[PDB]
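Novice: Okay, here's what each chain looks like letter by letter:
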Amino acid sequence: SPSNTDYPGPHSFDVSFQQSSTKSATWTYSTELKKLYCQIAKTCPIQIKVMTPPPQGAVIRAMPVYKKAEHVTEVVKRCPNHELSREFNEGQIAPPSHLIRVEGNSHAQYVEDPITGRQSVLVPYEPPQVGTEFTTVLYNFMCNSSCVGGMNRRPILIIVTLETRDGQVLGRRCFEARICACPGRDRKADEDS
Amino acid sequence: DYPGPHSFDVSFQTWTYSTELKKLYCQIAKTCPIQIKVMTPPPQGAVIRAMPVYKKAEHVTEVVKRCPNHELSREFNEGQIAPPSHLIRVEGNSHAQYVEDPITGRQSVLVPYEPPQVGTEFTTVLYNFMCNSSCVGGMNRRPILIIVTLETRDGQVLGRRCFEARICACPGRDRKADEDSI
Amino acid sequence: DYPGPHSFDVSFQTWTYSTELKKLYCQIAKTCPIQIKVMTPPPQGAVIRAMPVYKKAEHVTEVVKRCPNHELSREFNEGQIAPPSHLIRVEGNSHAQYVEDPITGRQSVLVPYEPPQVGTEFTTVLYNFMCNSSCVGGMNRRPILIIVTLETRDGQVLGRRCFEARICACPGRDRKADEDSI
Amino acid sequence: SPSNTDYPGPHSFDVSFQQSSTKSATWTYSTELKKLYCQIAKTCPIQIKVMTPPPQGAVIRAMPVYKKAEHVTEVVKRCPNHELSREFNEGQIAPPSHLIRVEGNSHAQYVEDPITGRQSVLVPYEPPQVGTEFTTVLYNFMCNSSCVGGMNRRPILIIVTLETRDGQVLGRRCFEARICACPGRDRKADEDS
DNA sequence: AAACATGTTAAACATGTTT
DNA sequence: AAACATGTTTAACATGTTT
Ligand SMILES: [Zn+2]
Ligand SMILES: [Zn+2]
Ligand SMILES: [Zn+2]
Ligand SMILES: [Zn+2]
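Residue numbers (the entry's author numbering), protein chains in the order written: chain C, 126 to 147, 149 to 319; chain B, 131 to 143, 152 to 320; chain D, 131 to 143, 152 to 320; chain A, 126 to 147, 149 to 319.
No lab work stands behind these hints, which were simulated from the structure alone. Any given hint might turn out to be false.
Claimed, not checked - Partner residues aside, some chain B positions facing chain C, computed with beta carbon under 10 angstroms: (1) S211; (2) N215; (3) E216; (4) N231.
Claimed, not checked - Subject to a maximum C-alpha distance of 30 angstroms in a straight line, what follows is the list of computed DSS-like cross-link-like pairs (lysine-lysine): (5) B:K168 - C:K168; (6) A:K193 - A:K175; (7) A:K175 - C:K314; (8) B:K161 - C:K149; (9) A:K161 - C:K149; (10) C:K314 - C:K175; (11) A:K168 - A:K194; (12) A:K168 - A:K314; (13) D:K193 - B:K314; (14) B:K314 - B:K161; (15) C:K161 - B:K168; (16) C:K168 - B:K161; (17) D:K194 - B:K161; (18) B:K168 - C:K175; (19) D:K314 - D:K160; (20) A:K193 - C:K149; (21) B:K175 - C:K168; (22) B:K314 - C:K168.
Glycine residues also receive a C-beta, built at the ideal position from the N, C-alpha and C atoms.
All chains should be modelled from the sequences, with the hints used to inform the complete structure.
Specialist: Spelled out as structure tokens, the structure:
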């Protein structure tokens, strides 16, 4: 069952979240809590930062997995309802079963591991734009973290991993993901807890 | 409106559409599913171009771009295929290509046509509008309307349909109130 | 409502019924006893068909099936006579037959009519509703109403009655609150 | 982050606002609230009064700065929209980025601090006209106090400072500035609050 | 049935524009 | 000035779940 410990690796790999506006309540992040609260199917900008240029076909794989020990062995797919619902799939090219999607990147390739059957999504690594210090990747989470027949409100967490073009892990960072309806409210309540 | 040889047509099933007002009310940067329907297979490369333009005769000659604020605000731009100036964007299609006319300077976005899915009866396109219908320094609340055109791989027009677009914050409210004027 | 020649009628004695709201509030997959009463013996094969349909004019044309989750979730399906797609089920009757209309695609369930028990005054049918009135990908909280129809063995209608169905989790609460709106 | 406390200084430095007509609703002042309510790009007359002639190159610098602690460190510039909009900049000589402008004075010089990057505008001090008790300076505020991509309705306040020709502060006065569309209405509502 | 978790639906408000 | 148009801010409401 895939590792979830932070491992900076030779390229000082790192992921962070910086707010796209100046509200914009579509999502929010508890650096303190290592939790990302965000709305379903909406877009989440995630900042990647290295300290030294990674290898060649270097890729960034984002994989979802249940937080709690009891479920870790269960794959994380979209609930039956959404995996068919006309919406979010109609003009889509991405596997309707996959939870995690990346928008704005034709090269993005979705993958199901033949043995573990674990779904994940990869994007070829490209350095930041000139004058920019972050490579930004656009993720989309396709099921509330409470879809019955899916996560059924079981905490999950994302494992973004920087890997060599032939799957060797060069770096890994994790954060708990909780896709809902009122990221604002929920984060707030979660913090008063 | 020009149905053309393939009896080209657009229709709609965070946004809403007044059939009889030929007006689309939708929130900014939110996704707009749009239905395309032909009667006979179009040529081969056949593309679907979506172009914005001002409704009022006063302003038709002025190109339609995103207001300066949005145009250069990391937000929505940062990790993006499309140019930050373009108002119309299409999501869910790597083949989608954005184009600026060298002479007219007009911005538009094309997407290669493809028959519907088996059993289906519509070629559905995903459009995103990236500036409110009121951005100062942009549309400055000047009504605009979208011109979706089915064209031949080399730019020959095969059909054209058009509806008024009004991307705001309360498409519901606005639509309703806009329905009160009668 | 069409009483018909046999003065056909439906009535009610985990669920509850607002007589004056013609609304049935009941929990999912729980059992609903429904009372049938005629005035004169119906024909011979005479059947009682229960069909679901959306109350709102907007959606009447759309068939009513179980949401995808329930439709294919071993739970409630595994060992079952009836099709997993069908919303309405009848328990306690081997003769009960489920039917999908080839043309309209509409789902429904029939049960052969039988006079009441001796001394009794009602033909009681046992209905099960298999999806909440709010299942995403199904009724998506769109009010539906049941159409129980007494028909002739060959499908001729002899009578029809109808009540609004709202299968939820707290029929008590919902009913009460739904009674507060007045 | 620039000081905002009133400091009369050796020359009994003072700023006040006296109404140019006898309506004229282009602006208004709540002496009581220390708030100036005024329309964008329109002209605001501000009265300067000393008690003893200031030094030589003595200047009057007006600098904008956010009121609330959370933003004080952020410079105050014109929102992107106005910094390009053909209007208000076409026949203008002043930096389209600058919020505060002074009209009716060729010697007025706009300045961006190389280190802090803070924009301000200076005007050489000149005593009142004969028989007059005030040196009047004409300011123009170039962005609503709600321009998105700019102040985004964040309260700001002006810091007019009397300084020696080589930047030594001889006096300073502050007032909250809220440039809007209906100074009348807004002030009224603000007072019923 | 109580206290709670969480998606759905919108109202009250702030503030520029039109009349 | 009074009304109108519109983005924003915040809340209430509906309903399955948990206790
Ligand atoms: Zn789901
Ligand atoms: Zn804009
Ligand atoms: Zn269901
Ligand atoms: Zn501005």
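Novice: Among the hints numbered above, which are violated by the structure, and what are their numbers in rising order?
Specialist: 7
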